[PDB]
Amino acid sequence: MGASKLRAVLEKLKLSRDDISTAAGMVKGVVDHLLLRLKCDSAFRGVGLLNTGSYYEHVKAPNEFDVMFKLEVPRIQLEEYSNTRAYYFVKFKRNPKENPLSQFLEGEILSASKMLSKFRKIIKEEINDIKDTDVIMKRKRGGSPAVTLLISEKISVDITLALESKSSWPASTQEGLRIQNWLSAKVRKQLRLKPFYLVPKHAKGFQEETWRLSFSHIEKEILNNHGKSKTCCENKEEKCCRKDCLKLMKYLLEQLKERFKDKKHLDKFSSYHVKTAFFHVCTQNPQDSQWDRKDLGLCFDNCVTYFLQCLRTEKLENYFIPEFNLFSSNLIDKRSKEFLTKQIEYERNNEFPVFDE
């Protein structure tokens, strides 16, 4: 596939400045309201907005947003569940002390379901009272930590609540973030000093009171500063195609998901898998020269091939948690991965007709 053929698709995916300004304004307009009204509680007092991009995550629809609500918790003690390296129980070291979130304490373990229930209920009751904009609160999805709302029957916003921990990263993430050859071990050192987050997600019956590790902020960090050279993409001679490869991959997965929307094979595949795979390829190809713009197509293929391999071998390690396989037999069944593999292979073999619209 030609580089200009791909960059043409990327060119057509570009949304104008107005489409960003108006939608962004309509989003922040409700985000500020919900944010300020959430402060009217002892629990969600120190709530805050976390920058997980503050824009859209999927290229095509640009009417879908994703915001993350951070809530700091002091000196928490985590307890890994069932040797699932990603999922944890939240306990407090100072149990004798009275906690603001004490109402949600399921004993010594902080219940995620209660917090999600109160949070979501507050959102529903506030979305009821707003009159300046037409907003409806979307139905609860299957085991989703998010709360979605629709503004003016066109804008989708997924609000995800998350606990913040300034303490050192868990031992499961120790051998993760292998960016030493890519962004230097210094940057890894300084990045691991940053806080980590926790989202209310249950692990497989289901253990409904567990939390998942989240490093979305770090993903944004390495994503916006992606080159081995510090002046990468700041000058003409240092333009690369990492972000373009990520856009192309995400768009391919999205379009494939939409083509077979009627089926249920690709419903479990999300942009996070694509992101993860892309990070793995970045680790594999750390040199900026390996990401020359004129090599876009080739680069894209590298992102495709590897991804296919992960589907073929049923192995896709979480970039921060190596021992956690996103493509395990438990999470996603072989049949679906075979389907996606066949589709992607077809696309590549026929010059990606899914891009042509």
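Definition used throughout: the rigid core is the maximal C-alpha set that superposes within 1.5 Å between two forms. Numbering follows the first chain given and starts at 1. Compared with the form deposited in another entry:
Once you line up the core between these two forms, the CA of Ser152 is the only one from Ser167, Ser152, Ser229, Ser117 that shifts by 2 Å or more. Once both forms are overlaid on the rigid core, the distance between the two CA positions of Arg17 between these two forms is 2 angstroms or more. In a rigid-core overlay of the protein, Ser54 has its C-alpha displaced by at least 2 Å between these two forms.
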Given for the second form:
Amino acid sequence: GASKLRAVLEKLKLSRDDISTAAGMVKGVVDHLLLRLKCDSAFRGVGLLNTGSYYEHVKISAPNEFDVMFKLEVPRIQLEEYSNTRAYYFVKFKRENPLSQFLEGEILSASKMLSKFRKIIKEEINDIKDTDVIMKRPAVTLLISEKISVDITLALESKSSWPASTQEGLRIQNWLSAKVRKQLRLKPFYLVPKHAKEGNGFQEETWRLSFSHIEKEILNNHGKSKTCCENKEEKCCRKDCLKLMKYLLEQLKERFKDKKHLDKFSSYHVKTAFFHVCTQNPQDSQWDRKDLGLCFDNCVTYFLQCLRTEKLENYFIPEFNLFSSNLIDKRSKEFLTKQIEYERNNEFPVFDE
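Moving from the form deposited in one PDB entry, what structure would you give for the form deposited in another entry?
Shown next is a single chain and nothing more.
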């Protein structure tokens, strides 16, 4: 039961120094790219966005896979929703500025910005032989010494009120309080470019709303009680359940690598499902450390439901379905449904030693 799960968590602790070292490699490469981008007139305002809950500038999204976000302070943004998608928007500037070279009419071109961003980085990773860095295809994906991959996301920062599509999102009122929800909604939001001809290209220059910076505000301040996990009397298992969900997905993706059925699923999906379960189970007494196995089952059952019903709401944008057929094909969701069901009904053989 829970003892198999606690053993998994104890084993995860053994790779803490591998992780810390890789995160240091990433940090060096990114600092170097940061000062070069700052030379460019378009990217003079670039900086690192703190999104990690463990390491500040670097978020780990899988073993030796790391995520980094470069933000661009961008004033006076005017948004126009693209074809009722709730998450994708055209970016204009309320009535010159450094980004003027990327305009196509009033509209800021995602693909032109991405193109110069990529070009500057690809040119720059050529030029330090202290580490070996190439570029794969997240604006850019790097590979460091053929082992550690870094996804680098460029994002516009907007200090305006959040778009109306988020009005019913971040549904934390009954768990973390309406006061906290108000404070978090005073923070900036971010727009990440979607190339006009990439993916199944819209043929438009649209940007997706991004709230990845909110994760650390909540994951490390996660209780109904303000002192949850700050003393020995208030120990919950929220963080451990999330770790186990991520590890479940990681291990399944590894086992199904022969035909890569699970390529489209990521830790973002797991995290989104996990925080929906936090909304559903707002009391700290529902996450008692002694109940690790039941709490994990709660999390897996909800993820399974999302898979079977092909529905996983964006935590911030309820009308945006992360599991829509536009984003993940039906056979992928049907396939993972079957595997998650098997693991849950058989006490997670994927965690066996």
